[PDB]
Amino acid sequence: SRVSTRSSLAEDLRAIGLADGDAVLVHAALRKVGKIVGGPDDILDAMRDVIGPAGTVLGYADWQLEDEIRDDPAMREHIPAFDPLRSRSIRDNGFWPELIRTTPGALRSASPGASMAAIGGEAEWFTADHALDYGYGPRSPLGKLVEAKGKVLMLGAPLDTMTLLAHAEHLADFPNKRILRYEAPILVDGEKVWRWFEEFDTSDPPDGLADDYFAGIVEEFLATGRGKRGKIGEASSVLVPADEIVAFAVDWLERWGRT
Amino acid sequence: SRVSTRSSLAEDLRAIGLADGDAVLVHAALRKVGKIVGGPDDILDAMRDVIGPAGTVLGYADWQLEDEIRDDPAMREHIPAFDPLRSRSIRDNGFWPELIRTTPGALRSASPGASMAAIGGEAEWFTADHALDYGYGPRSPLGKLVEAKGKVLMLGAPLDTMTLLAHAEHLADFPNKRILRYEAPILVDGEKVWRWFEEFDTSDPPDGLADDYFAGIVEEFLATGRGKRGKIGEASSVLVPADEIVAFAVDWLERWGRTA
Ligand SMILES: CN[C@@H]1[C@@H](O)[C@@H](O[C@@H]2[C@@H](O)[C@H](O[C@H]3O[C@H](CN)CC[C@H]3N)[C@@H](NSCCNC(=O)CCNC(=O)[C@H](O)C(C)(C)COP(=O)(O)OP(=O)(O)OC[C@H]3O[C@@H](n4cnc5c(N)ncnc54)[C@H](O)[C@@H]3OP(=O)(O)O)C[C@H]2N)OC[C@]1(C)O
Ligand SMILES: CN[C@@H]1[C@@H](O)[C@@H](O[C@@H]2[C@@H](O)[C@H](O[C@H]3O[C@H](CN)CC[C@H]3N)[C@@H](NSCCNC(=O)CCNC(=O)[C@H](O)C(C)(C)COP(=O)(O)OP(=O)(O)OC[C@H]3O[C@@H](n4cnc5c(N)ncnc54)[C@H](O)[C@@H]3OP(=O)(O)O)C[C@H]2N)OC[C@]1(C)O
Ligand SMILES: [Cl-]
Ligand SMILES: [Cl-]
Numbered sequence: 003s004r005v006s007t008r009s010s011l012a013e014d015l016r017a018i019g020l021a022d023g024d025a026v027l028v029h030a031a032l033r034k035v036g037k038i039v040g041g042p043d044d045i046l047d048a049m050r051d052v053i054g055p056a057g058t059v060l061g062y063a064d065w066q067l068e069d070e071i072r073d074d075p076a077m078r079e080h081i082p083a084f085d086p087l088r089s090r091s092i093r094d095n096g097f098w099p100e101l102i103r104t105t106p107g108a109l110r111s112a113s114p115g116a117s118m119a120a121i122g123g124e125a126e127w128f129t130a131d132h133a134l135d136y137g138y139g140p141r142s143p144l145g146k147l148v149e150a151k152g153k154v155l156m157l158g159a160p161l162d163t164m165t166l167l168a169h170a171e172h173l174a175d176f177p178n179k180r181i182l183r184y185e186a187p188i189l190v191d192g193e194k195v196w197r198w199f200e201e202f203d204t205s206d207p208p209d210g211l212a213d214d215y216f217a218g219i220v221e222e223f224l225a226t227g228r229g230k231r232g233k234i235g236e237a238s239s240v241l242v243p244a245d246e247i248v249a250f251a252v253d254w255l256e257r258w259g260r261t
Numbered sequence: 003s004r005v006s007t008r009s010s011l012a013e014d015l016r017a018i019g020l021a022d023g024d025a026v027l028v029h030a031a032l033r034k035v036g037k038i039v040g041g042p043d044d045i046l047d048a049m050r051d052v053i054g055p056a057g058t059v060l061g062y063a064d065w066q067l068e069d070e071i072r073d074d075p076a077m078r079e080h081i082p083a084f085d086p087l088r089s090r091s092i093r094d095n096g097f098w099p100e101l102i103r104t105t106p107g108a109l110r111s112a113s114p115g116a117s118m119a120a121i122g123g124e125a126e127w128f129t130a131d132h133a134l135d136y137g138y139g140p141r142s143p144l145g146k147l148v149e150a151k152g153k154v155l156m157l158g159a160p161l162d163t164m165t166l167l168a169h170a171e172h173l174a175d176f177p178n179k180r181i182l183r184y185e186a187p188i189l190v191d192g193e194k195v196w197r198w199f200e201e202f203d204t205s206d207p208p209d210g211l212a213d214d215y216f217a218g219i220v221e222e223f224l225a226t227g228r229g230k231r232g233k234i235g236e237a238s239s240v241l242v243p244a245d246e247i248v249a250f251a252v253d254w255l256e257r258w259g260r261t262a
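Protein sequences appear in the order of chains A and B.
Per full-length UniProt numbering, the very first residue in the first sequence carries number 3; after that it's consecutive.
Per full-length UniProt numbering, the very first residue in the second sequence carries number 3; after that it's consecutive.
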């Protein structure tokens, strides 16, 4: 139990594989890092030191609308619409996405449940044109992370929380993919509008698979030797390439689909 | 089991005395408000609905640099400078100042430990020209709140967290006022420099007074029939005029200083 600094976190970052120009989606359990001089913003600052101004740091924001509130007819006129500039990140994703979203210069994508926050050189591209329906498919920050050959850093975070594998759930061809259909309010140029949405279910695993089955896929990909386990401060962390673990996961799901 | 809405919060705020054009400094214990459909941002939205675009909402941000870290020379090069655009509010003041600070359009003043976040029609005036030394005196959002005849809302918050009374502590003529001197990093045209600061002590009360004596002062002020109590959602709340309670508190302290 000793203090991390902005310079200290930068060298831990490089030791795990973070490099110049990297785009990296980060899932964090910030308590695992331990003591930090300047708070967790030192983590994001050290990240931008390593990747430089061309790199991008992302976080999975989502938003705070509860399903039972959304579907309560008495609540309709009182629910604030999703606003990429104002809607706060879902608390269950930890402070990290909210840390990014509230950093000046950061941007947030338009697809509510799948919304990502991004800061850095390509933050505008990663958050632009996010599909409202199927916000985990190719027209999403997750698809663009694969396209740009980005990475995913699990910063102390349990491996089941790697949202990128939901992009694999979208791409993979396996039978009986559940489809969700829901109505939610979104801000359309400043005005609240209720819009119907549809997507593949991301809150429940496919039938047969366990809730934390994302964790097993990550563990299998690391056994291939294409990842990197590393210590960020005091937090056991994993850095994996985005395109390689998506392909590994798509094949994993399609193979299971043929059983 | 009651639920607050932006609409019902605006009714509660009008009922306690918030009005069109007000400037209100808010101290909040948001848990006491109870369930809110849109989360605590409904409170800020309802307030802006009541006071209108000419009104201003404020919160007491401070910042997160700890005294033990600040004074440890082994930490000196690693401490980030205070940046009114990036330094997060001290967590001890609750989510409310950070809620305001991170709302687009909000501004945050320059005097680190005394810094305030503000949003609304006069947020720029309230946060401008905040004195680095004696940041609770006349050149501060607290002084400007008195000047603008603003209000203070304790939103479920304990009455001793009324930071406006530190402005009265600054003005009050009583003997042996403790003066604090400390060094802290700030940005001067976008570059970190360490600067020495001076102010009257706000982390400890005057010698002989309890740590929570602010609360007694507010209660004594309400005992005169000025101010107003009411429920904001489920939160027992207090709205007082800024100028009247400062004059009351300065009188209270100066009369106390003449005893013993
Ligand atoms: C419409 N909304 C959704 C919709 O989008 C859709 O949602 C899906 C969702 O349901 C799925 O969930 C399913 O799968 C998940 C994963 N298996 C489990 C639930 C299950 N139903 C979802 N799968 S994706 C999950 C993505 N999650 C993450 O990225 C988070 C990863 N992190 C962790 O898991 C951590 O373990 C965490 C839980 C966050 C707790 O860690 P910890 O508390 O230790 O650390 P934390 O990060 O919280 O920070 C603490 C320290 O931070 C410092 N701090 C905080 N604030 C500070 C401030 N202001 N200043 C300075 N410092 C600060 C501080 O040091 C803190 O420590 P301290 O407090 O001092 O002690 C896919 C989804 N799409 O369907 C459902 C909905 C509802 O419709
Ligand atoms: C350099 N820094 C300082 C320096 O400035 C100087 O500081 C002075 C300081 O030392 C003095 O302290 C002295 O006096 C104080 C007051 N008597 C006591 C200590 C003493 N030494 C100081 N005096 S003034 C203090 C001003 N304080 C306030 O304004 C706070 C008022 N509120 C309260 O007190 C509450 O009781 C509180 C503590 C906040 C707890 O309330 P609560 O539990 O209800 O928490 P919160 O309000 O945050 O609400 C939580 C809910 O909010 C929702 N939420 C949160 N986050 C959300 C997100 N992301 N999304 C959506 N919703 C969110 C949610 O519902 C939460 O609830 P849940 O978690 O879900 O259950 C003067 C100072 N100048 O000297 C010291 C230093 C260090 O040098
Ligand atoms: Cl709205
Ligand atoms: Cl409480």
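No lab work stands behind these hints: they were computed from the structure.
Beta carbons: idealized from backbone N, C-alpha and C, even for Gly.
Hints may contain errors.
Stated by the list, open to error - When the alpha-carbon atoms are kept at most 27 Å apart in a straight line, the in silico DSSO-like pairs for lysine-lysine are as follows:
| no. | chain 1 | residue 1 | chain 2 | residue 2 |
| --- | --- | --- | --- | --- |
| 1 | B | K194 | A | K194 |
| 2 | B | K34 | A | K37 |
| 3 | A | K151 | A | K37 |
| 4 | B | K194 | B | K34 |
| 5 | B | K37 | B | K194 |
| 6 | A | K151 | A | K230 |
As the list claims (entries may be wrong) - So the derived list for chain A, only partly shown, Cβ under 10 Å to chain B, looks like this:
| no. | residue |
| --- | --- |
| 7 | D47 |
| 8 | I71 |
| 9 | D73 |
| 10 | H80 |
| 11 | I81 |
| 12 | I219 |
| 13 | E222 |
| 14 | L224 |
| 15 | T226 |
| 16 | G227 |
Against the structure, the hints come out as follows:
1. B:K194 / A:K194: violated, 43 Å
2. B:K34 / A:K37: violated, 30 Å
3. A:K151 / A:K37: The hint is violated at about 32 Å.
4. B:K194 / B:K34: violated, 39 Å
5. B:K37 / B:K194: Judged against 27 Å, a Cα distance of about 42 Å means the pair is violated.
6. A:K151 / A:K230: holds, 16 Å
7. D47: OK, holds: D47 (chain A) within 10 Å of chain B, min 8 Å.
8. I71: holds, 7 Å
9. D73: Since chain B brings no Cβ nearer than about 13 Å to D73 (chain A), farther than 10 Å, the hint is violated.
10. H80: With a minimum Cβ separation of about 4 Å from chain B (threshold 10 Å), the hint on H80 (chain A) holds.
11. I81: Since the shortest Cβ distance to chain B is 6 Å, the answer is holds.
12. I219: Hint on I219 (chain A): violated, closest Cβ of chain B at ~34 Å, above 10 Å.
13. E222: violated, 39 Å
14. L224: Hint on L224 (chain A): violated, closest Cβ of chain B at ~33 Å, above 10 Å.
15. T226: Given a least distance of 38 Å, the restraint on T226 (chain A) is violated.
16. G227: violated, 35 Å
Figure legend: structure checked against the earlier numbered hints; hints not met, in rising order: 1, 2, 3, 4, 5, 9, 12, 13, 14, 15 and 16.
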